[PDB]
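What follows is one chain in structure tokens, specifically the form deposited in one PDB entry.
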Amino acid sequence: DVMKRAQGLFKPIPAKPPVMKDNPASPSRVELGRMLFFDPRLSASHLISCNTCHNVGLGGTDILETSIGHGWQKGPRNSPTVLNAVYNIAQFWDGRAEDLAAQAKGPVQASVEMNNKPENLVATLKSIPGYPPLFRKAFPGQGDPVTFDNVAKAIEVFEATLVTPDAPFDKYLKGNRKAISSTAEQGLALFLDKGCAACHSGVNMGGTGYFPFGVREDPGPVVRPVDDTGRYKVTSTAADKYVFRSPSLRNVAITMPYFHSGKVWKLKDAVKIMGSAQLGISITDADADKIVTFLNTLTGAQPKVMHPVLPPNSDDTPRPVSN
């Protein structure tokens, strides 16, 4: 039976946030991470926060082809969702960061994203009187707790709470056959039988390893821009050219556009391109429609996040830098 086959390849998202080794999630550290995720003072301009590009109301992404950051500069890649990102084997589309705490240091410093630097960020947080007390509560064994590393750890334990349990497919995996429609179940059988679960398996429906984008056919220079060689830039290993981490397909129906280039807006087109590029098949329009109906059952409960009330500047807070 397709339910039993699925139960051998995928797992539901747990209700409880996962534990980060060597980063305990106290109430104070998670609260601090939620404040920092929404605080645009993490950026040089004081205008961009993590929620700008990973909007918790829009599936943890920004619904753009590629992100726009400091100075209205467009980046090379589509912003992947923060939802469930804690269950991926590594972070970024090329897997270059080992975990969420390592990842968070990237956007802060990237000139086309937040355009900040660690020293300015620490000075800024130290100048906001309400922040050092919260760092002391969250990192109480440190003489100097307001550090870049601690910013990254706080944001990690907050992001570990941004999981989306209870999608209809997870209720199916727990044994409720009626939680998805017959057409969704036929999409699930097509997903399994065409081979998609090789690269999109486990608790996260993906995020499990590194694969060429174009195992069987080049997706072409729009969907796969030639200069973006993926993990090759990370490892300098020729076998990594055009290799990317598979994405988690959880919440894919609400995180358009698709692929690391953001050039494919319709989920049905992304499914057909995956069949061609990865599997050398031409998926029919009727089969692609059933697979999309199945992928729509992977949208989980969206987190319900209170927007933080952030502590005010002092007169010594650094002034925004917008150039």
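Only the largest set of C-alpha atoms that superpose within 1.5 Å between the two forms is called the rigid core. Positions refer to the first chain, counted from 1. Only residues modelled in both forms are compared. Compared with the form deposited in another entry:
- Superposition of the core reveals a Cα shift of 2 Å or more for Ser282 between these two forms.
- With the core held fixed between these two forms, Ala239 has its Cα displaced by at least 2 Å.
- After superposing the rigid core, the Cα of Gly207 is displaced by less than 2 Å between these two forms.
- Core-superposed comparison between these two forms: residues with C-alpha shifts of 2 Å or more form runs of three or more at 94-102, 104-115, 214-218, 232-242, 277-282.
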Given for the second form:
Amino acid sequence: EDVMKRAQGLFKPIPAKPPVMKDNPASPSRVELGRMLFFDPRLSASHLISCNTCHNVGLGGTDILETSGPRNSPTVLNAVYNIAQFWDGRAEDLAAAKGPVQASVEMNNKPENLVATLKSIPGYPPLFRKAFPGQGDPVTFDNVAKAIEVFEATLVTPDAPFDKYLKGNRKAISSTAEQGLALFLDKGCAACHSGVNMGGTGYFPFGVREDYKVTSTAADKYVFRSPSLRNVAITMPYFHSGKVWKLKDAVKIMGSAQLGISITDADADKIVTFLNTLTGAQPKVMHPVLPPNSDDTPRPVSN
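Condition change, the form deposited in one PDB entry to the form deposited in another entry:
The following holds one chain only.
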């Protein structure tokens, strides 16, 4: 199959094994701690919002809201395979500081309040000494993000029917889905939505905006990340703004004159059918049991 072979050139399947992070080695106790932090709403100043609120592991790693400039929450699933870390920005700033964990935390908290709160919870410091042995002061923000990152690295979705197809089985997806794939290649979609994550590799001067929703940029210095399409069927709504609710409308907008690509409604349906093959196996995550406040834990602040 030409189509299969062309697919195997542009994409690779998600490995079952969590990828190693260089300079952040995974260990049981570090992965455990990262899981606790991920579900602990005390990392928000109000004590109500955890990472799981906006990146819900039960809803495709996102929260099925438009936004929470406001942005749609991208999935945490397979985010460890994204090269491009942010929805949009100017070239120079995406080039030259804060990564996504820190940025996310600052949405509803201050790093220093976060760390002072963790220190006030007697169960946390012993877990940080186990997870970061050797350090005199292991409860720090950088260590919070390290622990969370080794947990996020286990939030991968191997075994999507498309991945079975990449590994050699032509029958793992329906031939309607195969027609959508063929269309996805020939129309040019794959140039931007490529590699092991089927996107997340780069930025383009191409946002979807209003004035109806259309692809555009005026000569404007902002560029947008072309997202991974993995699990796109269950991470609605779509695009940086979350303004477009249906996958089919998303596919149709992407059939813009501005990126080459003309597509019929019939083409769209086949493409959607193909995009439906990219839903992998969803991680089964245990809700952690969190250590209790002390009398000295800071009070919630409503915002």
